[PDB]
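Heads up, one of the protein chains got dropped from this complex, but the rest are sitting where they should.
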Amino acid sequence: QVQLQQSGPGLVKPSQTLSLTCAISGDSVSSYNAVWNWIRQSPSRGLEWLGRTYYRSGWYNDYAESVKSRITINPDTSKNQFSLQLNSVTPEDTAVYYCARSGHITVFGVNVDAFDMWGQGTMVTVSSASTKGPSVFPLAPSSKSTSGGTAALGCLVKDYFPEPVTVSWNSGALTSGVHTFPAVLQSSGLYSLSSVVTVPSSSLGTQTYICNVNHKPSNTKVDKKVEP
Amino acid sequence: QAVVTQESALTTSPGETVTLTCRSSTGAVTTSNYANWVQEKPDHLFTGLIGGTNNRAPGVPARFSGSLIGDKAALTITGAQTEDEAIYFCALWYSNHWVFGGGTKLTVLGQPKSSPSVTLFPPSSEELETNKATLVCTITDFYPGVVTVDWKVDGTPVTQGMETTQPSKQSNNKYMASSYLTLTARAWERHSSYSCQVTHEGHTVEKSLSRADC
Amino acid sequence: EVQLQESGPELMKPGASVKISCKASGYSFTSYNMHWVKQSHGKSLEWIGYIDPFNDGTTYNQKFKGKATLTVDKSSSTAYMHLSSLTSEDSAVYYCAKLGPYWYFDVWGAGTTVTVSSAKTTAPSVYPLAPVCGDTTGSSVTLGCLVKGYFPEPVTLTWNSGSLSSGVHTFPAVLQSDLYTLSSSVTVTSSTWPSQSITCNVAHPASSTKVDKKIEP
Partner (left out) sequence: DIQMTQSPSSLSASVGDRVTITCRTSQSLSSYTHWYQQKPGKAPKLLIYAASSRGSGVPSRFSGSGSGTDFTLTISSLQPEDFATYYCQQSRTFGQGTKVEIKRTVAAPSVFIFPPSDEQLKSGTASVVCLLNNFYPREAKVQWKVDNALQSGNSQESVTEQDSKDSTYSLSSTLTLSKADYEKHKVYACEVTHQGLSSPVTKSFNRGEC
C-alpha cells in the first residue's frame, strides 16, 4: 500500500538550489508512526542520511551536519508529500537522492530507524551544461546464422545529457537476454550507451524488434525499429 | 542484600497530611538512590507515582510529593483523599539494581464505622456422616476491615483447628470474612457448647451454639 | 503509550518449570526496558531483574540468578520470564513493568499467578448450612453452603441457579491441607424460608463436577 514517488529536476547548476519532492501513497505524512527521510548515494560518500521531518503534535526536523546549513525538508499536508531543498549545490552534491520511510518498523512499539520503504531515487547531476536529448541508431543483426542459431541486435543511444536514459524492448515484451550497458562519458561531455539483445534467428522474419528509449530530462521519447 | 524498610501500615482521615518513609539498611538514602514510588490499588492495579526522588509521573496529582528527609526518602500526601487508599512501595537504586521496600498499607477512613454481624452455623448431618465436622462463623458488614477472631469450646479457649479468611470487600463496600472450626465428629459429641468471638475496634461480638439444639 | 499483557494463570507441581510472557502493544516515542517483579502473600514486592529490548542488557537480583531467565522476541514485542525447578516459595503473582527514561515504573502488566502444589485434582464435598431451629425467631434468616476439600481453584457458587442475587456473601477460600474450602451465605425473610426452595449450585470445572443442594432445618 505504501509507495513513494519522487519527482523534480535531476540537473542543477552550481550555487543554485536542488528541489526534490516525494509523494506518499498508502499512509499520511503526519501519521504518528511515519518518519520521512532523505538519503543520498554517491561513490565518494556511499550511503548518507541527510535529514527527516516527522509529525508529533508539531513538526520536527533533523539534519545531518554535512548539510545542516543549506538543507530544508518540508511537509505538505495538502498534497500528502514532503520535499527536499538543498542550497548552493556543488559537484559534491552529485548523487542519487532517495526518500525513505522509517518508524513503521518497530521493536516493542518504538521506532528503530529501519527504512522499510524507499522511493525510486532521482539521479542528480550538478553541472552548468545544458540538457541534450539522445540520437538513437540501430545495431542491425548480420546475415550470420540467419538460417539457424542466435542473432544479436541492439540500439545505440548517443550524445545525451544528463543521465539517465531508460531502454526497453517491445514495450517490456522482450526482457530475456537484454543487456543495457552503463553509459560512458564521451570527451564531448555527453553520454552514450548501447542496449543489445540476443534472439532466435528464426524470429527475425516473424517478430518485430523495437527499442523504446526514454530520456526524461529532455522529454525525449524514441521508439526505433531495428531490422536486417 | 540491601534491605529497604518502610512503615508497615498507617490509618488516616481525609484532609490529613501523611508522610511515608523509605530507609536503606546500608546507610543514608541519597540522591543517587533515585528513589521511585508505585501505588498498588485493589485488583492488583499498580501505577507509578514518583521518580528521581521527587519527580511526579504524568497524571499524578500535585498532593503527592517526593523528598529526602534526613537520611531516608519520603513520600508526602498533602490532603489525603479516600481514593489514595492503597499500598505504597518505594524502590531504591543500588548502582546496578533496584530493591523494593515492603510497602506501606495506607487506609483512609472514607465511611462510617460499622460493627460485625456474626452468624454461627452448626456442622451438618451429611458432614457428620463422614466422621468430620466444621463450624462456620460468617463475619459481615464491618468497617474498618480489621477483625480478630477467637474460638470458645465449652467456654474454654481454642488453640488449633481454626482458619480465618482475610477481610474482603462486600457489594455495599463494607468488609466480610469467615472463620472455620474444623473438628472431628467424636470431638463434636464430647463437648456441648461452642462459641465464635470477633473483636472489632475494641468491642466484641460473640455468638454461641449448643449441640443439644441440633 | 504501550500496554502490557501477561499470560494466564499457571498451576505446576514442585520441580516443574514455567514460562510467563508479557506482550507490549501500542507505541512509545522513547526506548524503555522491562522489569520483572514478584509479589508474595499480596504485599512483599521483590525485584527479579530487567532486560533491555534495545541493547540486550540483563541484570538479575542475586537471589534469582539461575532460577529466572529473561528473554525477548523482538518481532512479536514479547518478553519472557522462565523459572526453573519450581518450589512452594515460587507461588506468587509475577508482574512485568516498563521503566523508561525517568526511572519510574509507569506501565504494569496485570500479573500472572503461579501456584506450586503437589496436590491432586479433588472435587468438593458440598454441605448445607441451616440455623439451629430453636433460633428460628427473627424477621430475617441467613442460610449457607459449605464447600470443603476442593482442588484446584476455582469453584463458582450461585443460588437458585443465579435467580437469587442479593443477600449473598461468598467468602474467600482458605487453604486446609493442600485443598481449599469455601462458604457462601444468604439472607432472606423468615417467611420466604422454609417455605421456598433455597438451593446452592456449586461448580468445580477442573473436575467437571457441578452439584446442587437444597437446604432444610
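Letters A, B and C name the chains as they come in the text, with residue numbers starting at 1 for each one.
Quick note on the criterion: a residue touches a chain if its C-beta (ideal position, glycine included) is under 8 Å from a C-beta of that chain, and two chains touch if they have at least 3 such contacts.
Touch with the chain omitted from the figure is made, among C:30, C:55 or C:62, by C:55.
Of the listed positions A:25, A:61 or A:186, the one in contact with the omitted chain in the full complex is A:186. Among A:72, A:198 or A:214, only A:198 touches the chain that is left out of the view. Residues 45-49, 64-66, 98, 100, 105, 107, 112-116, 118-121, 135, 137-140, 142, 150, 152, 154, 156, 158, 179-184, 186, 192-194, 196, 198 are the ones on chain A that touch the missing chain. Hidden from this view is one chain, which touches chain C at 53-56, 74-75.
Keep in mind that, in the parts below, only the chains that are shown with their structure count from here on.
Between the Cα centres of chain B and chain C there is a gap of 18 Å.
Centre-to-centre spacing of chain A and chain B amounts to 72 Å, using the average Cα coordinate of each chain. We define each chain's centre as the mean of its Cα atoms; on that basis chain A and chain C are separated by 62 Å. Shown for chain C are the residues in touch with two or more other chains, of which there are none.
Across the interface of their complex, chain A is touched by residues 2, 24-32, 34, 53-54, 72, 74, 77 of chain C.
Listed in rising order, the residues of chain C touching chain B in the complex are 35, 37, 39, 43-47, 49-50, 59, 61-63, 93, 95, 97, 102-108, 110-111, 125, 127-135, 142, 144, 146, 148, 166, 169, 171-176, 181, 183, 185. Residues of chain B that touch chain C in their complex: 1, 34, 36-38, 44-52, 55, 57-58, 87, 89, 91, 93, 96-103, 105, 119, 121-122, 124, 126-127, 130, 134, 136, 138, 140, 163-166, 168, 170-171, 176-178, 180, 182, 209-210, 213-214.
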